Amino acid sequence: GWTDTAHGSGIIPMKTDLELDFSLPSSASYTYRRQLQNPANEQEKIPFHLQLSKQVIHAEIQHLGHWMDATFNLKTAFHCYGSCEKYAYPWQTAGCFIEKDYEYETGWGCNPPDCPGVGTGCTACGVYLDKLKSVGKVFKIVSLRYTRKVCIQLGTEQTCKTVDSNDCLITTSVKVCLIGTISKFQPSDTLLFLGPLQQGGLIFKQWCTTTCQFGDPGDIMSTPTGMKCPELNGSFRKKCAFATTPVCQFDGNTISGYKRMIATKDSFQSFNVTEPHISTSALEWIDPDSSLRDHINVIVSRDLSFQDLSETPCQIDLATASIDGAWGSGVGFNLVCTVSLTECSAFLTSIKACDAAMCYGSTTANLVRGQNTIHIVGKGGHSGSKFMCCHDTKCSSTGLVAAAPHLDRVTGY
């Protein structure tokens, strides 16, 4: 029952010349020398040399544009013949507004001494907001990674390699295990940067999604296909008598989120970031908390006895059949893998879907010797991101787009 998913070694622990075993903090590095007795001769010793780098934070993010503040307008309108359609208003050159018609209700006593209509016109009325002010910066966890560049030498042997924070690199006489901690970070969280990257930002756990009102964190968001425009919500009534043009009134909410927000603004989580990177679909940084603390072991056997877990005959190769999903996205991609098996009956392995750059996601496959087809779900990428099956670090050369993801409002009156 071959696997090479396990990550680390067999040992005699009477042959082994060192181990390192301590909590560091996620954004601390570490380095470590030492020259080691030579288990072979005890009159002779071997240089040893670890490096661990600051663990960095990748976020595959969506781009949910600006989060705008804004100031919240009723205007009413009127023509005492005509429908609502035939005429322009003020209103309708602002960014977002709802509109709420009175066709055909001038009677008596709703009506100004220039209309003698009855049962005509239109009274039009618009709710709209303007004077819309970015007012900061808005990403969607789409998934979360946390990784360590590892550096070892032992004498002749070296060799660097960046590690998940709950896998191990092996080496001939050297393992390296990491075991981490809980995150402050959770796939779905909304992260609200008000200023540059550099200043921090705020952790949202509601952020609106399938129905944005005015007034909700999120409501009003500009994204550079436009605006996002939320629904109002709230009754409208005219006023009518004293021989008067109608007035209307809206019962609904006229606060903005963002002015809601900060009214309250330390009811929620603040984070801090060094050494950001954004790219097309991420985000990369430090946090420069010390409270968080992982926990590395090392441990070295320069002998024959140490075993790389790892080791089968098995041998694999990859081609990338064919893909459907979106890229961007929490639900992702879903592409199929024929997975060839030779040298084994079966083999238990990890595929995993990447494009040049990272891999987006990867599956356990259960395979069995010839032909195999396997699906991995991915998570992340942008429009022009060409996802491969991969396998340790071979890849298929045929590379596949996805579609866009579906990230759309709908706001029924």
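Note that the rigid core is defined as the largest set of C-alphas that superpose within 1.5 Å between two forms. Numbering follows the first chain given and starts at 1. What changes on going to the form deposited in another entry:
With the rigid core aligned between these two forms, the listed residues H375, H49, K45, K386 include just one Cα displaced by at least 2 Å, namely that of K45.
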Second form
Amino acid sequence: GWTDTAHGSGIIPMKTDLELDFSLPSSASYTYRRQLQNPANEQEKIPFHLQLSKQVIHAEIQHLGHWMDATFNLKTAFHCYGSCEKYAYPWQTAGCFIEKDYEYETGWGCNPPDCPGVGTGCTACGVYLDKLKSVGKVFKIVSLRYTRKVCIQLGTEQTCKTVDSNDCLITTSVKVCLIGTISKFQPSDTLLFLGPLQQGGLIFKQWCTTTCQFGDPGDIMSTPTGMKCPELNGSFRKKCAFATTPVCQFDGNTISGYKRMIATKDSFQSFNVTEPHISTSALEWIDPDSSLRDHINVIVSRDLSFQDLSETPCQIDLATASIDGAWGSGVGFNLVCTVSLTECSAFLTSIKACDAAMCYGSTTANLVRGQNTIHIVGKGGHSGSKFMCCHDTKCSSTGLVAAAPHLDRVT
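In place of the form deposited in one PDB entry, the structure of the form deposited in another entry is requested.
Lone chain follows.
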């Protein structure tokens, strides 16, 4: 049946004016001009001009905050009598602290010489992190898009459009196809910028998410809402000796995740960025790595036999019915779309979830004549995004905001 998702052309190669076929780095732009033969005139020439922008990476991201370095500290506070809750402890002022209480445990083989208590008091053990310093900014990739602006001019008619890395642009007599390739980044990668965005960063595959312990990548994060402190990898001990104050011991890791990373820094992957652009839910940049190459094919055919394979009689109207799920999420939001099809018995097409600035996901819709209900998934966006059901360049007149994502550590 009908579909408008085939983006390309049918041609008779005998009737083709020009074909360009080449490899181009993702971070390279390209310009091409040529005077083509006027078949009707054969005196005055028809200009052809092609412009391809550099490929721009658009990563929907989660702002994870600032990764922090810190120094590990362990302190003992002993009281012969009294519950642990009775006393204040110096570590309770720290950015991060964890306290283990040995309450009502005094005994004459573990007491200082001035303490005759038995089953009393408190040995309070405190681990606290201080000298907290931001070492960089951290982003988690929600999704990736790779686009070039493509401008075609043949005679006096120009068409410019943003084209994704494995898509084609088709005009009256011109087809430009991009064939993507290698992807350096993957969804759920974590990017760490140790300095300004322009200086590039490090890719981490195993940034701590469901359990963060001191020593992990991402163990200590500073966010606008506050510190997010790690758990401890190791365990406390109350060392006892006759006529001696108890001594807190900790047997686990005492070196921050940042210092452990730096010690073996060259185990990780760097990436570099040019022209970075930061937005509410996204980072855009051009990767100066010229080893990443796309394949480009351009056809010009001013002949009646040139076919736009996306052309169908089918027409659709869209309305955004409901939403659930979250913005800024790799799980995403689910948009419910009412899609009405005319002029065709059936129509396979692509329905997109877009806000006023950007699209966040597209679903193949198998439509039948009349009304259809289509669920589509979007990933990314922010709390102000009004998500709409869209097709080609047209969107529904109303949009819906999604809920806030769930990105909480349990402790």
